[PDB]
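K.L.:
Chain by chain, the residues run as shown.
2 protein chains.
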Amino acid sequence: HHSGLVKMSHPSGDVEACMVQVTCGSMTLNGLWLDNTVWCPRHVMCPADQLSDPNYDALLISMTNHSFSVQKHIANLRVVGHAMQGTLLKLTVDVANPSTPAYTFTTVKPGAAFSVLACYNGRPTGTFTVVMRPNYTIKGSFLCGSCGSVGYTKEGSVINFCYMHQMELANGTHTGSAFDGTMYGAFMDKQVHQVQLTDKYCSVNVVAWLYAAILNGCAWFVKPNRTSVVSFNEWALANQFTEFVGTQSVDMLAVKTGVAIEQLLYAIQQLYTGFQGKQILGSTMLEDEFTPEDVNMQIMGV
Amino acid sequence: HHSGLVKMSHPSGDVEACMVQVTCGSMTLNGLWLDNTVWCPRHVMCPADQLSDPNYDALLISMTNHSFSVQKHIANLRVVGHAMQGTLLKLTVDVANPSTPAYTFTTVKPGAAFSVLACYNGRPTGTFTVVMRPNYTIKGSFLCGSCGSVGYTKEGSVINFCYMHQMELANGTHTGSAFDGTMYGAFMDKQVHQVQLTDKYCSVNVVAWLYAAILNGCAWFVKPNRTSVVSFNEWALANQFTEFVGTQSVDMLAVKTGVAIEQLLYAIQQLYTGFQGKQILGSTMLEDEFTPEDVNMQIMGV
Numbered sequence: 001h002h003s004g005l006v007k008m009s010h011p012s013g014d015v016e017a018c019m020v021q022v023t024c025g026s027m028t029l030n031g032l033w034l035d036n037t038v039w040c041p042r043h044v045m046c047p048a049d050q051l052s053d054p055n056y057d058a059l060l061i062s063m064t065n066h067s068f069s070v071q072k073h074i075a076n077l078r079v080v081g082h083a084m085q086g087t088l089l090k091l092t093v094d095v096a097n098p099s100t101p102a103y104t105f106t107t108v109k110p111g112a113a114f115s116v117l118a119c120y121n122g123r124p125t126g127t128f129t130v131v132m133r134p135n136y137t138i139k140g141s142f143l144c145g146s147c148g149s150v151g152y153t154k155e156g157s158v159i160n161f162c163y164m165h166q167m168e169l170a171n172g173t174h175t176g177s178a179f180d181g182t183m184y185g186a187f188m189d190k191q192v193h194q195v196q197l198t199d200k201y202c203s204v205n206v207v208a209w210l211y212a213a214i215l216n217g218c219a220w221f222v223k224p225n226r227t228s229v230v231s232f233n234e235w236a237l238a239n240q241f242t243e244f245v246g247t248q249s250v251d252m253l254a255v256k257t258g259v260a261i262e263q264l265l266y267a268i269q270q271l272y273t274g275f276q277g278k279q280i281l282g283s284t285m286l287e288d289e290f291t292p293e294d295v296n297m298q299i300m301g302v
Numbered sequence: 001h002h003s004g005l006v007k008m009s010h011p012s013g014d015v016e017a018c019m020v021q022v023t024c025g026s027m028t029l030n031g032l033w034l035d036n037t038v039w040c041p042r043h044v045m046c047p048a049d050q051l052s053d054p055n056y057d058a059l060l061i062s063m064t065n066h067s068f069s070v071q072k073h074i075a076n077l078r079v080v081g082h083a084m085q086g087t088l089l090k091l092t093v094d095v096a097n098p099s100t101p102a103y104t105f106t107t108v109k110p111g112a113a114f115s116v117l118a119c120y121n122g123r124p125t126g127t128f129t130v131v132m133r134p135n136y137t138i139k140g141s142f143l144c145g146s147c148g149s150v151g152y153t154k155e156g157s158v159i160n161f162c163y164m165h166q167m168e169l170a171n172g173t174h175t176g177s178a179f180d181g182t183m184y185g186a187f188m189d190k191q192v193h194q195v196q197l198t199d200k201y202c203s204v205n206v207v208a209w210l211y212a213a214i215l216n217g218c219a220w221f222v223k224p225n226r227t228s229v230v231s232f233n234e235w236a237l238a239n240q241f242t243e244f245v246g247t248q249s250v251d252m253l254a255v256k257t258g259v260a261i262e263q264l265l266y267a268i269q270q271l272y273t274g275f276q277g278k279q280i281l282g283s284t285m286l287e288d289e290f291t292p293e294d295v296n297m298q299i300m301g302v
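Quick mapping for you: the protein sequence lines, in order, are chains D and U.
Numbered by my numbering, the letters in the first sequence go through residues 1 to 302 in order.
Numbered by my numbering, the letters in the second sequence go through residues 1 to 302 in order.
Derived from the structure by calculation, the hints contain no laboratory data.
Take the hints with a grain of salt, since some may be wrong.
It does not matter which identical chain is used: a pair holds within one copy or between any two.
Pairs of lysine-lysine, DSS-like flavour, derived with a Cα cap of 25 angstroms [unchecked claim]: (1) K154 <-> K190; (2) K72 <-> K278; (3) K278 <-> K223; (4) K278 <-> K200.
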């Protein structure tokens, strides 16, 4: 009856120990302290009268190490170097974080889930998980002062940082930077109207959810009928779905349930025209916020 | 468009530092290490051949301090005392947890939200948030080995522990103990069929969600019509809703939006008969998994 699915985040302690406050004049936000480096959004440099068209190159040149104040309240970290990488600053500090976890930097892909640690004034305040939408936004929960909050995944003990928060778009969704300094999607870290690409249903995550339903004894939508991946993907382009790309994680769900991917691609095509008053796992609309990995881990223990 | 609402958990670091593994013979699960005490479910004492009708008094008497092995892997903690409090063991250990947070023990009430740290073999693996249902279950995500995982709320820096995981009921929901040793509801920590009370919509949380909708510019369901609290509560008893009890947190939402509680109680009565193909915050059914506090904090910054 209950699916056994929740929105599951990584434990956040490893990352909490890396959060600091960064102040530059009238601007304050959060940074990430790893080894002798503090990462933060570059718009910490920007006076509010200039957030709509900052000249970041000129702002950077105008700064000295004194221009940045970094504090940990969970130490004052003296800045001894400063540099800009895309939309992020790299501040060099005189003390290496003694609690630096094993970490990498990676870019997250549409449909994939990651954990966010929402922070204000360098203080962690909550944690949640989101999927990167096909239009490179996330449906998060961020208020003024939240920039520099980070998103990450975890492989073993290694934290893979993938997101640093920057902006809330007009429709209430959120976007930010990867740690290579790029913004996700076509977004810019300028406080002006920006075009939003269309969101889409993440087909591989809808497939995962339908498997979750079968793993819970809910399979009324499973029929012998099948749609091929190539045929579904042509259909997807006309109906606001991502093209489906199967993975080993989806294959494990097909094996466990004995229901083939192509059967669920046909189910999705029919469900999209309407559930006809039936429910799947308590919903009367397709759910794409759980991944194949979520289902394998939370339900099957993998 | 996006509500700005997510399922938000507390940062989990403070609690991660308190989790240990407890082993008693063939049974292993998680414990909570605070000061010189380790709390864990008492069914760690129970051989698997006896989980359906354990004699816990006899099991306790049969134990010595050697009968419990406690490890931290995030130390071996030597047990120097053991006692039973309701459905929990209180193990006394020779070393006080140097990372004991400020804490209290409290009982959580139906409709209220708390954060859970899911742990296996004493290792934290994920965090999520749930509301205590009116039938004293939670819709969680727990597998074999998860018992002893804890739920908590946070007031300031003080962690209020309210839940220690025990059981998965036939319908996939979960229940456990408070730290006074009671099980929530009428449940017993015995592996046998147990009656489940009916779940209900948490009216105060539906009211909160409708305010969240108004705070997002979505107010098509607001009319001048009103239903009194007394009249709604009579109706609720016939329709599987909790009786509504207003709070200061709900009042702040009424003030901010200028929409009175009684207007939303009337809205709920009508929405319950059908949304007539309209959506509220992306849903075509009433949502009761967000609290008034969630809405005040996540949307209004309170």
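K.L.:
If a hint holds in the structure, say so; if it does not, say that too.
P.N.:
Outcome of the hint check:
1. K154 <-> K190: neither (30 angstroms within a copy, 36 angstroms between copies)
2. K72 <-> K278: neither (52 angstroms within a copy, 48 angstroms between copies)
3. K278 <-> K223: Close inside one copy (15 angstroms), not across copies (30 angstroms); limit 25 angstroms.
4. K278 <-> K200: both (23 angstroms within a copy, 20 angstroms between copies)
Of the numbered hints stated above, those contradicted by the structure are hints 1 and 2, listed in ascending order.
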